[PDB]
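Coming up is one lone chain in structure tokens, specifically the form solved without its partner chain.
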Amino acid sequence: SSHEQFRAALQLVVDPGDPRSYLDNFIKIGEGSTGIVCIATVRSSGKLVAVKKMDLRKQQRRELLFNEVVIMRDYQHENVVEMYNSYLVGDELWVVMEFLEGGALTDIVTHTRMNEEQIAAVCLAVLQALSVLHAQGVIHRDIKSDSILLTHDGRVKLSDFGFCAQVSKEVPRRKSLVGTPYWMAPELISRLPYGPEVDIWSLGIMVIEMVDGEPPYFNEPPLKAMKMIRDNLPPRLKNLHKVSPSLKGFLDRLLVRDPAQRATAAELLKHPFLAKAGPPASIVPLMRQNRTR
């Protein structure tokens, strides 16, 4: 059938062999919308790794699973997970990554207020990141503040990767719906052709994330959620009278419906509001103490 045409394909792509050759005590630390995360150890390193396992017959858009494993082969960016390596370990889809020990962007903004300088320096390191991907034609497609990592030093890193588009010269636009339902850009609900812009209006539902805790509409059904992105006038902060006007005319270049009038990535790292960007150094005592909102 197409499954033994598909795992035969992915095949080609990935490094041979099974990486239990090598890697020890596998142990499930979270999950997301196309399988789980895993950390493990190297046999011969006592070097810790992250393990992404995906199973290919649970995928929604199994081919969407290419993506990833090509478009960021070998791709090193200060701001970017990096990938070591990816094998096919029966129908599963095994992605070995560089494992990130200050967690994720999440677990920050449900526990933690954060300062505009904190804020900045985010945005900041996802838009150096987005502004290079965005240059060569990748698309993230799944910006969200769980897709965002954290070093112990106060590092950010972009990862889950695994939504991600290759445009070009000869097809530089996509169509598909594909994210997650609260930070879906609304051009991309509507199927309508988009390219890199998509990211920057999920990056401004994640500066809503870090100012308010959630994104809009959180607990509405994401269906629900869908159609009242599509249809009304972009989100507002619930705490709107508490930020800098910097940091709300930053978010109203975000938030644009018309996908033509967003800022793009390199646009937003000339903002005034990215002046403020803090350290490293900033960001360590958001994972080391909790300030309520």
Given for the second form:
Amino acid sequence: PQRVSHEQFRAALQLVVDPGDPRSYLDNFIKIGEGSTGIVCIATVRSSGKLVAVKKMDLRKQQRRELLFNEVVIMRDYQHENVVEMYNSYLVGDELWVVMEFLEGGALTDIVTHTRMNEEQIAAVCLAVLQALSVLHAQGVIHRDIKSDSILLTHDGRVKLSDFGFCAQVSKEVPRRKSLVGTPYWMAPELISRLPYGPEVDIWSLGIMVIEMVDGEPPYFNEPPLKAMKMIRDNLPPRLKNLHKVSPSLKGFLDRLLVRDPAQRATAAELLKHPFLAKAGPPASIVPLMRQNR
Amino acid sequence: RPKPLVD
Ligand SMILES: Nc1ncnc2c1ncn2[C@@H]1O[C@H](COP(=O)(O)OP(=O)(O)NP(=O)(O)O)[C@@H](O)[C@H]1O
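Could the form solved in complex with its partner chain be shown next, to go alongside the form solved without its partner chain?
Every component of the complex follows; first up is the chain already shown.
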């Protein structure tokens, strides 16, 4: 039943989140963006005047309702310099409100679509993502939605992983996952073929994000999502537009990400040692790429 | 921007 399923779920969440209403300490709720699960606002801490982000998600308007536990749990258990800080989670009416840090630098998509990144900047982003993924993969947690949209920046050029709503977990008992979850263009071929998959799907997705940072778009981006998925399924791994300008350490790096067989694909822990990541620039080198500085 | 797929 709909009621039995909803009410029980709301009550479970109520216990999982913090009690009360964040409006008791927050002013100026203003929408700044929308996603898949819900909308995102900025708010003001009444006492200090400091800005925070608030993600509001309707319980009644989710495809897989149970995935909303991720929105709270992941940022709780996995505090990391490359992971978005979560302060509090609340239940307001039929909505889940997650209070987290505001990333003033915006999404990586904003940069990737407008300007071209040098290898120093690309390596900085890759290192940040992989450091975050290695901690997650070590605990069997798969992100499942790695893309430039899921990557956020500070004003000083630091890089953080976001959007943990699609996370699944694997363990000794649950070796692989089977669910079709993620964004079509970034999806791994084994996941599209509906085969049992592990954390290796994030590694492939990262490779697609590398193609983003170099070329501006994922492969088959002009194609319809459903049609483009079958293309990733049947074809050989996608290549960069022109390799004449890219360094061999970047080629070598991407060759470890975009492997069709997940068993031959490199793990996050392995890639953290790859020579390409040593070119990673300081946070300062990322700053010129941002909106205010274009 | 493309939207994610579930199920
Ligand atoms: N902490 C934050 N600071 C600034 N902007 C944010 C923050 N979190 C999200 N955004 C942006 O606000 C918009 C909301 O979309 P998003 O948060 O991706 O929803 P979503 O797709 O349901 N995420 P998920 O289901 O967890 O993978 C996006 O364009 C984000 O780039």
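Definition used throughout: the rigid core is the maximal C-alpha set that superposes within 1.5 Å between two forms. Numbering follows the first chain given and starts at 1.
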Item checked: Core-superposed comparison between these two forms, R61 Cα displacement 2 Å or beyond -> no
Item checked: CA of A266, rigid core aligned, shift of 2 Å or more between these two forms -> no
Check: Would the C-alpha of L48 be classed as shifted by 2 Å or more between these two forms after rigid-core alignment?
Finding: no
